[PDB]
Amino acid sequence: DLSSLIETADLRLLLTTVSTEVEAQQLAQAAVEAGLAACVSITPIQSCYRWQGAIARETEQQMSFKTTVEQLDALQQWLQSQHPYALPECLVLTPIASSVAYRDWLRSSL
Amino acid sequence: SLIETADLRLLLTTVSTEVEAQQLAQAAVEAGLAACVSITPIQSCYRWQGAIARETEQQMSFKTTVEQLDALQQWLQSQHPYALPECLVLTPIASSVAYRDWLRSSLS
Amino acid sequence: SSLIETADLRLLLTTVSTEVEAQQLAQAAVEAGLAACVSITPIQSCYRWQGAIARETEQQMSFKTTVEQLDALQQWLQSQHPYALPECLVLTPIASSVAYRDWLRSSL
Numbered sequence: 003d004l005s006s007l008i009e010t011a012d013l014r015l016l017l018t019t020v021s022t023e024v025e026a027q028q029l030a031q032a033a034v035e036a037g038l039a040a041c042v043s044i045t046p047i048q049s050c051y052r053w054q055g056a057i058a059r060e061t062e063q064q065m066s067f068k069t070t071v072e073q074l075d076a077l078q079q080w081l082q083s084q085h086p087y088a089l090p091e092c093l094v095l096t097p098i099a100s101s102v103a104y105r106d107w108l109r110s111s112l
Numbered sequence: 006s007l008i009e010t011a012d013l014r015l016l017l018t019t020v021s022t023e024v025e026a027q028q029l030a031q032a033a034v035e036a037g038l039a040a041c042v043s044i045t046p047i048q049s050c051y052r053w054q055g056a057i058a059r060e061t062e063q064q065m066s067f068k069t070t071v072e073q074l075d076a077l078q079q080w081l082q083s084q085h086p087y088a089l090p091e092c093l094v095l096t097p098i099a100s101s102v103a104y105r106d107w108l109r110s111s112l113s
Numbered sequence: 005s006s007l008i009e010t011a012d013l014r015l016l017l018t019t020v021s022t023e024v025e026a027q028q029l030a031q032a033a034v035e036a037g038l039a040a041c042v043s044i045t046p047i048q049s050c051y052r053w054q055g056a057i058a059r060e061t062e063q064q065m066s067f068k069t070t071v072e073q074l075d076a077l078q079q080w081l082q083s084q085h086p087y088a089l090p091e092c093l094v095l096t097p098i099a100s101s102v103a104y105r106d107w108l109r110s111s112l
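Residue numbers (the entry's author numbering), protein chains in the order written: chain C, 3 to 112; chain B, 6 to 113; chain A, 5 to 112.
Hints in this document: simulated from the structure, not taken from any laboratory.
A portion of the hints provided could be inaccurate.
Simulated coverage check for chain A against chain B, where a stretch passes if three residues somewhere in it have a Cβ under 8 Å from a Cβ of chain B [claimed, not checked]:
| no. | segment |
| --- | --- |
| 1 | 46 to 60 |
| 2 | 90 to 103 |
Residues from chain B that keep clear of chain C, each with C-beta distances beyond 12 Å, as calculated [to be verified]:
| no. | residue |
| --- | --- |
| 3 | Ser6 |
| 4 | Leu7 |
| 5 | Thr22 |
| 6 | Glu25 |
| 7 | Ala36 |
| 8 | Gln48 |
| 9 | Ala58 |
| 10 | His85 |
| 11 | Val102 |
| 12 | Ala103 |
| 13 | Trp107 |
Here a beta-carbon is modelled for each residue, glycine too, at the ideal position from N, C-alpha and C.
Kindly produce the complete structure, drawing on both the sequences and the hints.
Here you go:
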């Protein structure tokens, strides 16, 4: 149902970044194609971090993979094999609620 | 300074057009269902009815409390009853005292 | 390398009006050892403030930090933020790669 909120514990968002839009578009499509994510979002960002001792500001693409706990490990292993960085950003968030309809769509897609 | 929070919520959803996001944002805040809404364009790749679609969408992030969340979620779905929108709720673990207070006072 | 449950990593979220303000804050936070990484995303924001509903363009900021630096980043940010009442919302990731968790902790 489209209007009922439910508590959820098995949904996961995995956030990473890559340098170019072509890379991100390729990773997103390949993850959905492989059944490792139901949906992947990309948005351009600026990132500031220290590298080789100096502050760097770089344009990057922030990716959000929407997946379940059951595919999370396989997604992270797969990304490490395909990610262009030696040491990719990798943070996982847990949604605590969703709609029944969206949770069902997500699980069905995986 | 920081305080641990259990009752604040961020509702994340997507809509197809910028005009819809702007209208929803305004009306949700006007109604006291959210205190603040942010909108960010994104490109999304997803599985829909077997196939892979790539679309530009507006990511919306609504700042609310657990008390208004069910109401906000239902209201949003009433505005695009044809769609099956992204609905993901996050819970912040902390906030400032002042921000938490402003947010709560903004809801109706 | 593999995923590991995390309890000590934090994402502090805030907004500022302009890209220049965002860049300056980000750089200073990193330089001061209060955050490991800062991301900046252009957004539109709708909120209730000063008795009205405004829509403005803003920069969304996400500070990557640990719990050990969080109080100090928050205190510092309060003194340096251009806004009267800064957005202050903290998220906790539930996992990360071993390498990235180690990078983040090590960078601070």
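Here's how the hints hold up against the structure:
Beta-carbon proximity to chain B at under 8 Å applies to 9 residues in the segment 46 to 60 of chain A; the threshold of 3 is reached and the given coverage holds. For a cut-off of 8 Å, the count of residues in the segment 90 to 103 of chain A with a CB near a CB of chain B stands at 7, and the three-residue condition holds. Every Cβ of chain C is farther than 12 Å from the Cβ of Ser6/B; the closest lies at roughly 24 Å, confirming the non-interface assignment. The claim that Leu7/B is not at the interface with chain C holds, since no C-beta of that chain comes within 12 Å of its own (minimum 19 Å).
Non-interface call for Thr22/B relative to chain C: holds, since the shortest CB-CB distance, roughly 16 Å, exceeds 12 Å. For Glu25/B, the condition that its CB be more than 12 Å from all CB atoms of chain C holds, with the nearest at approximately 17 Å. Against the 12 Å criterion, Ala36/B stays outside the reach of chain C, whose nearest CB is about 16 Å from its own CB. Separation of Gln48/B from chain C is inadequate, the least Cβ-Cβ distance of about 5 Å not exceeding the 12 Å criterion.
Not every CB of chain C lies more than 12 Å from the CB of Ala58/B, the least distance being 9 Å, so the non-interface label is violated. For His85/B, the requirement that its beta carbon stay farther than 12 Å from each beta carbon of chain C is not met, with the minimum near 10 Å. Distance to chain C confirms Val102/B as a non-interface residue, since its nearest Cβ pair spans about 23 Å, more than 12 Å. Every CB of chain C is more than 12 Å from the CB of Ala103/B (nearest about 24 Å), matching its label as outside the interface.
For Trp107/B, the condition that its CB be more than 12 Å from all CB atoms of chain C holds, with the nearest at approximately 23 Å.
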